[PDB]
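Quick setup: one chain, the form deposited without ligand GDP, written in structure tokens, and binding and motion questions come after.
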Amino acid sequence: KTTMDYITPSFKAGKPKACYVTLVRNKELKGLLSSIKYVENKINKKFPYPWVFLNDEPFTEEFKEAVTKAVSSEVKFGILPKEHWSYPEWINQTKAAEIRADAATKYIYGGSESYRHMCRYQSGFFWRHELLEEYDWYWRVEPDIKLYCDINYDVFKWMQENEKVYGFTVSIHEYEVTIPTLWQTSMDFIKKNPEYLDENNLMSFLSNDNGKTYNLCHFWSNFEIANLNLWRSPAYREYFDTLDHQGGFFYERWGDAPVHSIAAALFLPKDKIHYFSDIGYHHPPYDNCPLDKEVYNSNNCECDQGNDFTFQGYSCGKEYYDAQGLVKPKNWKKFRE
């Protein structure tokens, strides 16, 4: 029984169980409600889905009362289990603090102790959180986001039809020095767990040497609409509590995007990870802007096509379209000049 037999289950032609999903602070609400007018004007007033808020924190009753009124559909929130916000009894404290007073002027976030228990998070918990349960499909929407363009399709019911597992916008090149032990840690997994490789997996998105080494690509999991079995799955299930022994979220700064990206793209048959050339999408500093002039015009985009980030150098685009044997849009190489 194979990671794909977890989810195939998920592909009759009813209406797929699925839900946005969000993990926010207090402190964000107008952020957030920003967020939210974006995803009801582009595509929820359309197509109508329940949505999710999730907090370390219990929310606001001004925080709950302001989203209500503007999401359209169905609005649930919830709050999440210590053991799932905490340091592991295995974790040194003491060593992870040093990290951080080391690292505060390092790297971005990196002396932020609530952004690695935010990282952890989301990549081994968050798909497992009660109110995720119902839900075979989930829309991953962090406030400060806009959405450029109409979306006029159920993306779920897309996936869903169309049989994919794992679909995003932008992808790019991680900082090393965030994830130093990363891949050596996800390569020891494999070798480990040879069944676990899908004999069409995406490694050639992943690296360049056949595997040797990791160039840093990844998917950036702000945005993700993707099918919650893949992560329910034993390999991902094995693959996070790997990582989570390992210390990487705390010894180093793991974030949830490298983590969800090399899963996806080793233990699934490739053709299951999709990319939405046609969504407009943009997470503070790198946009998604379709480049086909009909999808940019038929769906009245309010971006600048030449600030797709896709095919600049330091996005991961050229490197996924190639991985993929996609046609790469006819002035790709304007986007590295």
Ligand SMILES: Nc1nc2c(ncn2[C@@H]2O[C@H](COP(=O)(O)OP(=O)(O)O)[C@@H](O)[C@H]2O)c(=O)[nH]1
Contents of the next structure:
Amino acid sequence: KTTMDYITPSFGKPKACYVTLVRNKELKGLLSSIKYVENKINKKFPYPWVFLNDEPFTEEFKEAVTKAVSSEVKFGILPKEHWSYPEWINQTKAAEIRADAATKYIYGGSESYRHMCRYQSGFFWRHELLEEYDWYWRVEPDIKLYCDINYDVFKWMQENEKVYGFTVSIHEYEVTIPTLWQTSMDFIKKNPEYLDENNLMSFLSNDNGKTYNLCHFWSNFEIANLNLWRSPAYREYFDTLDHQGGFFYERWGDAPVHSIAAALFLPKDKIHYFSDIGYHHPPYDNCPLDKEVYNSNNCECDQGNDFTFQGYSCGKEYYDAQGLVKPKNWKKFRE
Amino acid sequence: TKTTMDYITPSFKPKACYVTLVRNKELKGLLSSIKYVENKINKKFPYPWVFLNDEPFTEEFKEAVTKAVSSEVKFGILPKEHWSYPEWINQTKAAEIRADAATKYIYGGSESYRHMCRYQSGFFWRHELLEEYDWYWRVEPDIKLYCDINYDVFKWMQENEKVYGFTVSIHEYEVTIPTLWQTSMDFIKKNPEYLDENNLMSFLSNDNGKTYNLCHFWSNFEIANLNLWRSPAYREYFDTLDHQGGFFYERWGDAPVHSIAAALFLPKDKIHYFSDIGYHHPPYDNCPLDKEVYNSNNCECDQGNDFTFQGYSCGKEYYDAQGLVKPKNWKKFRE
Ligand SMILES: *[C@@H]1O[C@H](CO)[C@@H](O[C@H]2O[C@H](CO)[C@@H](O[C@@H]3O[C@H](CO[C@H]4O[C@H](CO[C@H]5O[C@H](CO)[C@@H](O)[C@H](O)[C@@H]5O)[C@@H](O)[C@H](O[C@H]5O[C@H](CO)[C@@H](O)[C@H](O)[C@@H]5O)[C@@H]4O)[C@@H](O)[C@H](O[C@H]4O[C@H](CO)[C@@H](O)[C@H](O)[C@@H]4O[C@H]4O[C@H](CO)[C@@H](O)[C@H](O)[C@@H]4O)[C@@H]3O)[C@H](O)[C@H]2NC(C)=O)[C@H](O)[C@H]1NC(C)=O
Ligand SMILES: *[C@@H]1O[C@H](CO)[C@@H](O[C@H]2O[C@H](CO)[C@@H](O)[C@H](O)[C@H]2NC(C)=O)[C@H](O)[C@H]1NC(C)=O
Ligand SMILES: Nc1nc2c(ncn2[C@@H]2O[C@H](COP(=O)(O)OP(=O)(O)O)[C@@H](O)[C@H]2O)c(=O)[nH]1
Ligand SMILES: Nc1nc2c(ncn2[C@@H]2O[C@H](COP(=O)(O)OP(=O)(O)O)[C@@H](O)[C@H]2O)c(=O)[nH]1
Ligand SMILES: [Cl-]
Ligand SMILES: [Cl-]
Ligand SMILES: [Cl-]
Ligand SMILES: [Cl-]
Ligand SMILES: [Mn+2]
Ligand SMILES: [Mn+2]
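So the form deposited without ligand GDP is up there; where is the form deposited with ligand GDP bound?
What follows is the entire complex, opening with the chain shown before.
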């Protein structure tokens, strides 16, 4: 029973939800995101919205969010076990790494940020509020949906048998994940059955797996099948990363973690790029380059700032790996 | 002889303007920024707005922009000598540098980006349209002004004799400026008279100038006195950088360039941090931390996402160098 075997069953309305991990003090930026989701798709195809916080939500936060969302909303606090140091982690060591990296890279000195990355990597998908669902669409605060979305995306994913959907890709700052690749490759050598014969390795590596090109999918935007994270393959991959310690001794983000897994554990035709969904998560945009799609969906983004084909993005690498025909003027973005 | 400050004191309604370098394809983001500036300050304290482009602006662009700005607007094209490779730059060497750095750092492979950095560093303050002014306020597309601004800021700079005003500070990616610091220190070594005896070196260095801590002020937001860039010290400095080659052989940004000059050539009390102006330039915010200021000006940002005192920001370094007392809750931003 392979990884896909755990996913194909979920292939009449799909069981799905939007999911948001957020802080009380980010209310204004969250309300702005909700307004975008509501006007661009949620009024048309309603799905419940799950809100998660490592601390309890204030009544002010809940009242404002409940009022702003038109479909059903659910608020949850996450378990102490999913947001706290594991017994095998040396906290004094973790504290020194933080202090030393405070000014070295973004969130380098942040204690809470690392707990968040670990949370998004191995726990959000098994929070009690997501168990009844098969699909989720992650939404962060201060986001923009630049265009109308006129079809149910979960329905679409379900009918087309897609597992992982994304919009923005990029090269990770390596100082942030020094030993992530080595750790992941050792896992695969130990568990060859988990490496799909038709995987997307070429997106992650230019040398047949020897080294990592640092490419990954942005995690702030994800529309995916929860059964992937719930598979033995992913569960065992996360546990290996957890025990190695990178989430705390380095600054492993959930994005490169979700990406390496999706790209290695699945037949590559299970991964999908929503070239049609206009989106912004500071500081980058995914703006539809197809004029018909851009105009029919009343996109509000400047096509000229689409990040997809810019050098530091991994859109080119993704297109070549999938054998997708890149848009006519894709090279302009490398100027 | 005549010092750097001798060139500025005379300018102490002031002759001022907003100034925007921008592309035709960034129209929607530009109009967005304009609406913010209009609503938060320009309709109350009108000042002329200058727009610049290395290419001619389209009629669609000028029409939309002319209508959106309530004060007088001026459109200008850049002299080609302020946006092209100087005769001493080896273009093949530069092309190779770009091709290699394409996927290494943001804008690594971009040719236009480097000309933009050189433009903001040594020429925007020489454009014909800025000749009649003593002050400028730089504004970029996709910006937000979170709060109302209830005083004329140029007037305030003049009356308070300030030269350089900013909102966000951050650590530069060293990979883009490997030899910038060394080039700058040699300049000072040969021109000790341009080093103000009461400067802000401590913001840039933790070891009395031996090395650069990489701190700089974000140039997308600047309210400054043009006469600073017009002074002999800055002209000579820019010329030194221009001949060293870094704008094209590395990826020198104008922000670090403007910052090293301001922090070394001026008495430190001439640099000013606008703790009261709410601002966002993807992906960081400057959000008024003072309650009365935040409320009185109806700020729209989440105080909890203020970047100022985050580790990777240089607000801490800035306050300590100026001797400004940091707000009580500054450490929370380091969690
Ligand atoms: C959990 O993680 C913990 C954190 O890593 C870890 O703690 C210990 O880790 C190792 C294990 O032994 C220790 O490493 C030794 O460090 C000695 C130097 O100690 C001093 O310097 C430390 C580093 O300072 C740097 O980093 C700081 C923060 O990052 C920074 O602030 C500072 O500016 C600087 O950049 C520093 O951390 C120490 O602080 C502690 O002590 C202070 C003074 O008492 C105190 O004020 C402070 O509060 C802390 O409590 C120290 O200041 C090295 O000298 C030593 O190296 C020698 O020994 C090794 C052993 O193999 C040799 O390989 C090496 O070559 C050296 O040997 C030469 O010298 C000996 C001397 O005779 C000679 O015999 C030999 O021939 C050689 O010539 C070694 O590197 C580390 O100090 C510990 N850290 C702390 C904070 O406790 C725990 O082990 C982890 N727990 C578990 C269960 O694994
Ligand atoms: C301008 O840059 C080019 C591109 O790097 C230089 O080309 C040479 O670079 C190496 C010499 O240092 C060698 O690989 C070759 O001599 C040559 N490379 C090729 C084939 O392009 C060139 O020397 C530079 N010219 C100047 C102005 O010094
Ligand atoms: N509850 C909670 N959510 C957090 C915390 N840190 C980050 N988040 C959320 O996790 C997501 C990613 O955080 P963000 O700060 O946007 O990280 P970035 O995208 O890397 O800049 C956002 O939805 C945040 O609101 C935290 O400490 N607690
Ligand atoms: N006219 C013109 N403006 C440019 C060009 N590249 C950047 N700019 C402007 O320079 C400023 C900084 O550019 P931006 O792309 O936002 O750079 P970033 O802030 O580093 O992400 C903005 O005002 C842009 O509109 C260019 O090629 N031509
Ligand atoms: Cl803990
Ligand atoms: Cl940070
Ligand atoms: Cl040229
Ligand atoms: Cl880029
Ligand atoms: Mn985010
Ligand atoms: Mn910008």
